[PDB]
Amino acid sequence: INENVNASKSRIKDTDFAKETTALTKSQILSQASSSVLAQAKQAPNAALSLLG
Amino acid sequence: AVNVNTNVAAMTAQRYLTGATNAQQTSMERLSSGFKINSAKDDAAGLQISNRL
Numbered sequence: 325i326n327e328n329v330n331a332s333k334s335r336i337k338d339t340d341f342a343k344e345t346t347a348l349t350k351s352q353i354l355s356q357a358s359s360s361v362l363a364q365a366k367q368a369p370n371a372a373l374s375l376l377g
Numbered sequence: 002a003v004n005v006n007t008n009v010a011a012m013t014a015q016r017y018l019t020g021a022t023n024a025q026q027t028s029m030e031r032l033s034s035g036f037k038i039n040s041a042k043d044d045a046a047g048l049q050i051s052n053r054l
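Chains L1 and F1, in that order, give the protein sequences.
Positions 325 to 377 (the deposited numbering) are the ones given, in order, by the first sequence.
Positions 2 to 54 (the deposited numbering) are the ones given, in order, by the second sequence.
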């Protein structure tokens, strides 16, 4: 009962390193993708300077 | 004829600049989010099926 209880606690509580490492890498790539888009967006109002205003 | 009260070229360039800016804004949202379906405007039917999936 100790082993079967521990395995149940594994499926519920313990983390799946295969799935979590993939979720971490995906999150990082969206962190870099949002950062790059932010930089491109920061120059959006800079075009107003080209209007000589 | 040359006139100063109105500028047809100015109105046309502004309109195409607002359309191009709208294309820039919708695109940059797609990369930052990672989804090409961020609102019902992009695809109403596609949003519904995607949420069901």
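These are calculated hints, taken from the structure and not from any lab test.
A few of these clues could be false.
[To be verified] Think about it this way: if two alpha-carbon atoms lie no more than 30 Å apart in a straight line, the pair counts; the simulated DSS-like pairs of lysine-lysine are:
# : chain 1 : residue 1 : chain 2 : residue 2
1 : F1      : 42        : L1      : 366
2 : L1      : 343       : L1      : 333
3 : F1      : 37        : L1      : 350
4 : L1      : 337       : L1      : 350
5 : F1      : 37        : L1      : 366
6 : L1      : 343       : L1      : 366
7 : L1      : 343       : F1      : 37
8 : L1      : 350       : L1      : 366
9 : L1      : 343       : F1      : 42
Do the hints match the structure? See the list:
Pair hint residue 42 (chain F1) plus residue 366 (chain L1) holds up; C-alpha atoms about 25 Å apart against a cutoff of 30 Å. With a C-alpha separation of about 18 Å, the suggested pair residue 343 (chain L1) and residue 333 (chain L1) falls inside the 30 Å cut-off, and the hint holds. For the hint pairing residue 37 (chain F1) with residue 350 (chain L1), the CA-to-CA distance comes to about 17 Å; that is within 30 Å, so the pair holds. Between residue 337 (chain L1) and residue 350 (chain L1) the alpha-carbon distance is near 22 Å, which keeps this suggested pair within the 30 Å criterion.
Distance restraint check for residue 37 (chain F1) and residue 366 (chain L1): the Cα-Cα separation of roughly 22 Å lies within the 30 Å cut-off, and the hinted pair is therefore satisfied. Annotation: proposed proximity of residue 343 (chain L1) to residue 366 (chain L1) is violated, straight-line Cα distance about 35 Å (limit 30 Å). Using a Cα cut-off of 30 Å, the hinted pair residue 343 (chain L1) and residue 37 (chain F1) holds, with the two alpha carbons roughly 24 Å apart. For a cut-off of 30 Å, the pair hint linking residue 350 (chain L1) to residue 366 (chain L1) stands: about 24 Å separates their Cα positions.
For the given pair, residue 343 (chain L1) sits about 33 Å from residue 42 (chain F1) by alpha-carbon distance, which is inconsistent with the 30 Å threshold.
The structure shown violates the earlier hints numbered 6 and 9.
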